[PDB]
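Taken from a larger complex, these chains appear in their original positions, while the remainder are omitted.
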Amino acid sequence: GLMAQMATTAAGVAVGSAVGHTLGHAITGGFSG
Amino acid sequence: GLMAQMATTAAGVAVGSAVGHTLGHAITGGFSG
């Protein structure tokens, strides 16, 4: 599926393998004034 | 599925393998003034 070999010295965010998914109905609110 | 081999020295956030998912109905509120 997902494979990662990572060598990092400094990182704000370090991620090897990651999945995000929505099935069905998903609603994300936006930005309003 | 998900495999990660990570070598890191400094990280704000370090994650090997991660999954986030919604099934069915998901509503996220936004930002309003």
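Order of writing sets the labels: A and B. Residues in every chain begin at 1.
Please note the rule applied: a contact is a pair of C-beta atoms (placed from the backbone, for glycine too) under 8 Å apart; a residue touches a chain by one contact, two chains touch by 3 or more.
Q: Of the identical chains, 2 are shown. What's the total across the complete complex as given in this file?
A: Altogether, the complex is made of 6 copies.
Note that in this section only the chains that are shown with their structure count from here on.
Q: From the mean C-alpha coordinate of chain A to that of chain B, what's the distance rounded to whole Å?
A: 5
Q: Residue numbers of chain B touching chain A in their complex, please.
A: Residues of chain B touching chain A: 1-33.
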